[PDB]
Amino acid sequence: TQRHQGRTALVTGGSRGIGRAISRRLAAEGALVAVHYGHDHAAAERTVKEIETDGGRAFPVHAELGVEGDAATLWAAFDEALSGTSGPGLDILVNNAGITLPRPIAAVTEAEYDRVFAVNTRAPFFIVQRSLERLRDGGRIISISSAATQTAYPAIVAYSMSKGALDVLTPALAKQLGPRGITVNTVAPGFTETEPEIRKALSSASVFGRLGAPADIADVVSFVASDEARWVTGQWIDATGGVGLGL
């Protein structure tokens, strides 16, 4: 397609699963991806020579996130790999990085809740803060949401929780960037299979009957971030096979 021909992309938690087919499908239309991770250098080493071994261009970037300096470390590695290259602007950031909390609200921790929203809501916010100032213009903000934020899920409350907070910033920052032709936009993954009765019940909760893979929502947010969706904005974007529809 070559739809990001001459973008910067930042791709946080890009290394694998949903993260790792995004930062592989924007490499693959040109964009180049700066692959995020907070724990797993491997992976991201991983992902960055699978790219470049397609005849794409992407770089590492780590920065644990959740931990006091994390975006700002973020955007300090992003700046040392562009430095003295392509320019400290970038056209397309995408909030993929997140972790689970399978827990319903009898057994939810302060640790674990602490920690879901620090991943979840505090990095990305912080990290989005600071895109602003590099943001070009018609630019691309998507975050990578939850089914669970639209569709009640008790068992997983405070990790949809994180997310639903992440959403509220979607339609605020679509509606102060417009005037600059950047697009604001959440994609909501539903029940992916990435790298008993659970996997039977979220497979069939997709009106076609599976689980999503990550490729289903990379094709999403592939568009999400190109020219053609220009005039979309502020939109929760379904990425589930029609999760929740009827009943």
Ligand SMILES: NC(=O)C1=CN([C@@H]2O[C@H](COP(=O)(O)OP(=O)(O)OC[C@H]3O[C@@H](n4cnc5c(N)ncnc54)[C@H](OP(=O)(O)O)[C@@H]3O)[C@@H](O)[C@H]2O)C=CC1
Contents of the next structure:
Number of protein chains: 4
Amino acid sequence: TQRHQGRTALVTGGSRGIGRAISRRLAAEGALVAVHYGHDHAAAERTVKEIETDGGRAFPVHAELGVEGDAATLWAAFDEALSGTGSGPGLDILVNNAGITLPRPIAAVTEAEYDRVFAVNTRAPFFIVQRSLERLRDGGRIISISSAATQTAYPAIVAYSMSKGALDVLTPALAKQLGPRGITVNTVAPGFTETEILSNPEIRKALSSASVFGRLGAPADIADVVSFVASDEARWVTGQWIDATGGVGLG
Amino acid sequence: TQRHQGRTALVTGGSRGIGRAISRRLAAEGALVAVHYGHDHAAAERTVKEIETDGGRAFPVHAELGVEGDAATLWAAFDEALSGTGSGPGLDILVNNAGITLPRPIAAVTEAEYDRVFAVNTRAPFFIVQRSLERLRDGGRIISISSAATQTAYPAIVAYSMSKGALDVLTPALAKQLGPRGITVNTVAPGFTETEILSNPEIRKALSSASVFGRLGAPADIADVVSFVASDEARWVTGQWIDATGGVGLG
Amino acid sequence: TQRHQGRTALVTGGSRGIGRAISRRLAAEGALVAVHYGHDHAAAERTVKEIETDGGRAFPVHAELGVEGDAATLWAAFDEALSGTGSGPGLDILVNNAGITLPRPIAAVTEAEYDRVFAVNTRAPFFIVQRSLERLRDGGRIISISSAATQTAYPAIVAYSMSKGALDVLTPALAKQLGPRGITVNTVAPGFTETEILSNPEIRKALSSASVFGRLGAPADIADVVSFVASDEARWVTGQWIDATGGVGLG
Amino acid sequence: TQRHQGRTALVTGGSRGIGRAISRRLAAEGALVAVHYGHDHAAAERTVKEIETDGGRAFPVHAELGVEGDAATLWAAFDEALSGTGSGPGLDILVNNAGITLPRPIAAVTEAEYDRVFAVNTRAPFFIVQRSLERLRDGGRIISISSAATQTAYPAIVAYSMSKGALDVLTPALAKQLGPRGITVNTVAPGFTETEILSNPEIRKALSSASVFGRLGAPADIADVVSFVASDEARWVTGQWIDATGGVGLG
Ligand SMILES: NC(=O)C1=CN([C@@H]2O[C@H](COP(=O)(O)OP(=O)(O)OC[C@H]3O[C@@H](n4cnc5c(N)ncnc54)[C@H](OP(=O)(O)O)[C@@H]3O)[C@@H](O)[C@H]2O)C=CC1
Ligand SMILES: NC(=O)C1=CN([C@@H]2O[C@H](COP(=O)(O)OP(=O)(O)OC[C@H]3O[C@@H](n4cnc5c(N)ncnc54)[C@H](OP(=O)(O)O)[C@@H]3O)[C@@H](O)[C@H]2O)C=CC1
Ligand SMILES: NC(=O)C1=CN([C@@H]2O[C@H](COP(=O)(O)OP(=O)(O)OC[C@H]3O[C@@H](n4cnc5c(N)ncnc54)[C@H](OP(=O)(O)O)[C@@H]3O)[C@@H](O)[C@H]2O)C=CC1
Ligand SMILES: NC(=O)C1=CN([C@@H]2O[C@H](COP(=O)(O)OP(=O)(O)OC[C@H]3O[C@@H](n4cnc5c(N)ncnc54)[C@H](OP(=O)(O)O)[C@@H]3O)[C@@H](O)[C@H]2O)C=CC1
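Rather than the form solved without this ligand that you just supplied, could I have the structure of the form deposited with this ligand bound?
Every chain and every other molecule in the complex is listed next, the one we just looked at coming first.
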């Protein structure tokens, strides 16, 4: 395709799972990809190596999210790492993908667990986007990775759903504000998606059967929607919540 | 009416504005109302006096929200204050009404301001509801006061909208979980509503014109919807987001 | 209550099922109710007798819907029947309740069946509302009875869902247009509701289990929401789609 | 791209406006395109010539919609026209694009005008899709062109909005039913879109300002979304309503 030819992307949690698929798709389409991660240096190196092997350009960016100064640390590492590539500052495509699950229903959730899922899932994207506005170019793309669970009730993950619900609400407000500069802002909401990290054949069967297609999502199913949203082909789609669940919750 | 005859209600921020209208309507309909507040002891006393003057029963409950132990402190004060009324423990109707605004667009929002609006608007209701489940009776009512701004983009208040968006997502998950005990969970979303705390005749005109009725909301417009949702007449309405904006954002 | 004291209501298909519950609730609250029907004169007489027995005022209005001149015939019979009561012309509350089911999936639907369900369910309400605007008073109420099936996919009734989907879209446009005269327009969407016309204990169990409350709806569950929407208590709710399904489709 | 290489598409009203842009985009990507139309033989010939000139394959299909036997006549002409191309029967991609406007508010709409807009906009697509199920292949695509007006109230076009609202409701029901064969069903909803058929500079300015981008849509903006939805890249998007309005109605 090369529909991201000459563009700079940042993918938060780009090292594994959906983030890795997004990182690899954007790079395969000609983007220079900042592969961000908080913990696993090795995973981040393999993902960059995979991209470089396939003929694309990527570099790691280390910043732990959900801690004091996380957003500032991420953009400092990005600016440094990016500068060290001999590219100019700023970016075209921001994907807030990094997130953590909290599989506890309301009676189980502690303050510590609640505070951590909001800090990573909601607070970090909010301040990451805030500082991106210093760097984000005209005709740019902001894409938040949310969850189908904001629109289909899942009591077992309620605090996680709420953290993604707050994130969903950032999209329309920013689409409106950034429209005059040709920037689009959109949410892509995955369903049950099979990553490198669904061992129970029984859970696998129940989650598969939730899709009208009778399968789990793959990272690639999400990355193919994100790549479209990030492209010029989606210039007329803004402020939206794009279901990437294989028809979960239809009937 | 007396459709809340013999029921115990808690209204968070019940001392002024929409909370006061809710408190007074529930009490006028026969509810015993816990009028909760964080700061203004005087306001809380006037509101209880107004209810007692009109023939109803209410008592103040002091707890500052958005601070360590807020939810535990609120339920301790409720249990104590309630016990001191010579009523039994527990409750029928929980209204999470207390909230604070943050009128700053994304480029303006500080960590401190963001953290405070989430702590009061989202975190406190979440842990308040969690501890209510020890006390909340069969056929009970949970009602969250949200904002029209979660569904109609208002960049100027983006972090406030996000805090209400997280709260919106708690409603369906809890409606599903609590259905088997006849409890309903619903969100009521006010529009531009004129409280005791809209001095600019120009802002007043612009916000009035947002309604298909060409006026600002009054606390009473919200309280009349909340009272219905809290009643047996709304037994078949659960998990919903009830627009109480006078038709803001229709076209 | 008497919250409809001195008001004139028309309920289409008011003779049985949800229409009968609406008719009886509005009359019990002091409304003069036009009980409209297309076919069963006897049912319409029993419903009016039931209202008159309980101390309320109602009269039958015969008009077959889904035929040439149906809307004109209904308003002619209403104006005549109403005039014969010695009340003045016009009305306060219009409920489009009359409808027919089409339980055939897409591969089964004939032109005749499709045309008939649209004629009764969509076309008749549209022209009925059009002629109501000559008669409908300030502060009035228009309420459409839709179906949960417009928002939760039910392939087995697809053409019926589409007919209700068109009806759903009339509500916001009219709420906007009629706001300046204090008229509200709203949709109430029933779920699986047990009428006089669910014999299979197996279908009964499956439809019951669709509700978070583990029961079928009763006409009264719908009528209690409609009566609220029709009242001054709902003056600030307009253009909305009110779920009256007992939490069908939440998760 | 060639992401429609070897696929057969039918585009209803493919001869001009959005239909022509869709027809040309699908053909440029390797689809064999049936360019359907009801009236203007010349327009249909120019559109096919444009495609053939650019290196693609298309053929005209004449059928007037909104008349007795329209769906049967369209598929007879398609099967004949298609057969005459020396391709096998059946298809991969169905776009219901053909539609007519009705710019009259409720007080203005006649039975004839109402009946005609439903016949073309709703009835024809419904029976066209019904007969497509005899021909539509595994992994296929059904795409309905709706209107932003189903979700943002436009009293001036109310009967048109209702016709598109019924069409919107066909999408989820069919997505659910056809999921097991890998077929996706989606609605694409254009905003104010500038076609060959917006002469008033004043209307042009007002409609432009409705978009967060301060311009009218172009056919190409819609065609780029439709082409994505029709492709393997959108395999995980089904039952959805895709806003192609340039952010109309966000705030
Ligand atoms: N998989 C699924 O079924 C679903 C996924 N989602 C959402 O999709 C997104 C991607 O999920 P998925 O692919 O499953 O996740 P994985 O857990 O597979 O990958 C998570 C990524 O985020 C990074 N990350 C995690 N926590 C932090 C942190 N505190 N600071 C910095 N980076 C962090 C990880 O790097 P590192 O380990 O080095 O920190 C890694 O790159 C998430 O937002 C998730 O909520 C939504 C619906 C369901
Ligand atoms: N008015 C409007 O136009 C709109 C209102 N809303 C929402 O409606 C709800 C009611 O708003 P409104 O009537 O305007 O508010 P007011 O500010 O008039 O009243 C706020 C109430 O909440 C209490 N409260 C505030 N902060 C705290 C705190 N930290 N701890 C404990 N109690 C607290 C206040 O008591 P004390 O001062 O003693 O702390 C008071 O009783 C809020 O959730 C608001 O966001 C939504 C849309 C618009
Ligand atoms: N019951 C349920 O589970 C559900 C009901 N609904 C909707 O709720 C509404 C009420 O349904 P319900 O109570 O079950 O219906 P019933 O069939 O019990 O009652 C139908 C009523 O409409 C009248 N009616 C029917 N067809 C015509 C016609 N052609 N002309 C004039 N009057 C007519 C009937 O009178 P007569 O027989 O004399 O013509 C009768 O008063 C309908 O719009 C229905 O689609 C939606 C979701 C599910
Ligand atoms: N343009 C806009 O701003 C908007 C458009 N839309 C929708 O997008 C779709 C495309 O609209 P647009 O490009 O503007 O339309 P145009 O009127 O430019 O093109 C209409 C097309 O449909 C065909 N058509 C029209 N009526 C019939 C009929 N009775 N039988 C058969 N074919 C027919 C026409 O061919 P022929 O003339 O030969 O019959 C032509 O190919 C429509 O469904 C429209 O409602 C929605 C929102 C706004």
